[PDB]
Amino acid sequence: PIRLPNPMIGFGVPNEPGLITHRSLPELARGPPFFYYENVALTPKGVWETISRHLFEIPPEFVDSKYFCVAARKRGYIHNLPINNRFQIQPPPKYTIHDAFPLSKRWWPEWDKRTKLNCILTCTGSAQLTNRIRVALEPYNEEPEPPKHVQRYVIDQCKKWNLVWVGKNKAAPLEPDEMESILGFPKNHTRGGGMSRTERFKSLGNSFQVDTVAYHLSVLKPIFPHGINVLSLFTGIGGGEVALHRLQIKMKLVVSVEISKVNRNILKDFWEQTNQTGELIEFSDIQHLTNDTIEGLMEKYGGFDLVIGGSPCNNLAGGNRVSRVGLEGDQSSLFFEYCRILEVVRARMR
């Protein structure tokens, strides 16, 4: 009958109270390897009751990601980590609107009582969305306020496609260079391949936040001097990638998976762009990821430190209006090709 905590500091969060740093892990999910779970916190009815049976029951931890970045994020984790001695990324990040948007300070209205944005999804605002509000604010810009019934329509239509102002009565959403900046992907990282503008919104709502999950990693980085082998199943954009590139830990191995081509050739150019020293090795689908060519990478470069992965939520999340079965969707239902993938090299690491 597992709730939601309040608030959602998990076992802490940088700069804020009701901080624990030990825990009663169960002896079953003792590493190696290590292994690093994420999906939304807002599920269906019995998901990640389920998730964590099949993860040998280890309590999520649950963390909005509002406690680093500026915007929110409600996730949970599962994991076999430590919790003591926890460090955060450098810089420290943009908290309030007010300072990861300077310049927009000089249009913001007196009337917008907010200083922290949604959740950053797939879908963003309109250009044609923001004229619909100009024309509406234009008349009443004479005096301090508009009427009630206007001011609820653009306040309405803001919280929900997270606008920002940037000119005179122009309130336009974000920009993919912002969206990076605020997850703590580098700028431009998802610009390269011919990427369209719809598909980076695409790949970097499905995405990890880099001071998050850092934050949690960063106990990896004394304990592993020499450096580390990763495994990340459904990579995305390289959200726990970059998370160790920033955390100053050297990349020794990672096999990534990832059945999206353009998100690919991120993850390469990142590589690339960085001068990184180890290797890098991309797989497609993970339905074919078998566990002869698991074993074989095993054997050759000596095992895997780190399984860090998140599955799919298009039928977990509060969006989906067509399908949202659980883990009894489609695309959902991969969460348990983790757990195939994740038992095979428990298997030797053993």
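Between two forms, the rigid core is the largest collection of C-alphas that superpose within 1.5 Å. Positions refer to the first chain, counted from 1. What changes on going to the form deposited in another entry:
Only one entry in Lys113, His149, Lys261, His226 has its C-alpha moved by 2 angstroms or more between the two forms when the rigid core is superposed, and that entry is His149.
Comparing the forms between the two forms on their rigid core, the Cα displacement of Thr274 stays under 2 Å. After superposing the rigid core, the Cα of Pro82 is displaced by less than 2 Å between the two forms.
Shown in the overlay between the two forms, fitted on the rigid core, is a CA shift at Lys168 of 2 Å or greater.
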The other form holds:
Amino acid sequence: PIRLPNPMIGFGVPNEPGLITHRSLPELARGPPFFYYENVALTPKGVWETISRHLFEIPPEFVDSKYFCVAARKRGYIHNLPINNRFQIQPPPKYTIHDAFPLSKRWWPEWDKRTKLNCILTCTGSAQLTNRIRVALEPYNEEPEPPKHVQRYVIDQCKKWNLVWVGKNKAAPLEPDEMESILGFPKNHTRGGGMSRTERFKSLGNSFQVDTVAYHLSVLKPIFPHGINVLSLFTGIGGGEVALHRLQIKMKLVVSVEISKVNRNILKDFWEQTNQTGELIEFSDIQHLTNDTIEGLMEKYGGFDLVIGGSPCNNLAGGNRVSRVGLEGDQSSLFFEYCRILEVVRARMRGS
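The form deposited in another entry is what I need now, so please give it after the form deposited in one PDB entry.
Just the single chain follows, nothing else.
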């Protein structure tokens, strides 16, 4: 059984001890192509064992993004990239809550000892929650400090819903612009393109932490001086593309497969607003992307140097009450579609 590492630093995170400069990966796992898989770390029993079983028995690298930004984010990363001489994109996001939220020290209570936020999710705290916290602390405004049972209801609910102090006895969740900044995207990366505020929360909560992924993909820069052809599966708002761009790694071609029309609009907007000289090809449903289509694309552009993607965590996340049924769930089973497309690439890149 996979035992999650404590601390969850993977092979090493910046400013922390325990950096592992070399690993030995099995023969069946070697590139080309380099590939990068991502999913949540806190899955039902025996999910990552199955994920590793279908990805050449590579032990997953579990890294909590609280070492890269202000919000925690526990994910597993299966990849065949070299782990030596990584680097972070500069400047790194704000580490603590005091720095990430300058105006919060005006309203933050002394008994809220949080210096770090929990995971950014797709479901945000409601306004009726902020009121129940406001009413709970109201009868103690003239007192220097509310009693203990009043404190830990507020404390536990702030941790439960990732609330920051925005007003007098007012604990509200994060705004989309704050989630963008914490997850490592530029400001207004998901604002336009027909994306409603409701949709912004969902696709942001589903996305990468760009600094964590960029720290991992950083080793690709000396290997490909002339750019890479990228096969992006489950693109979303383009976490991997933003990471590659911040690494100054030219993207000659990005074939993106993302079923959300608003997410594809976000990516195309990001493509033009950055003046990317390369070509962006956009596919929608991965279940209709045939193996011969991949072979035809690889023949035109000359194979993919990197296959990056993160399969749905619908049926793996602890927040899911309805359908947390594991890897065989309706959405998370698309992980085997990732293995299908990846296997086609390997057939041409390495053989057999």
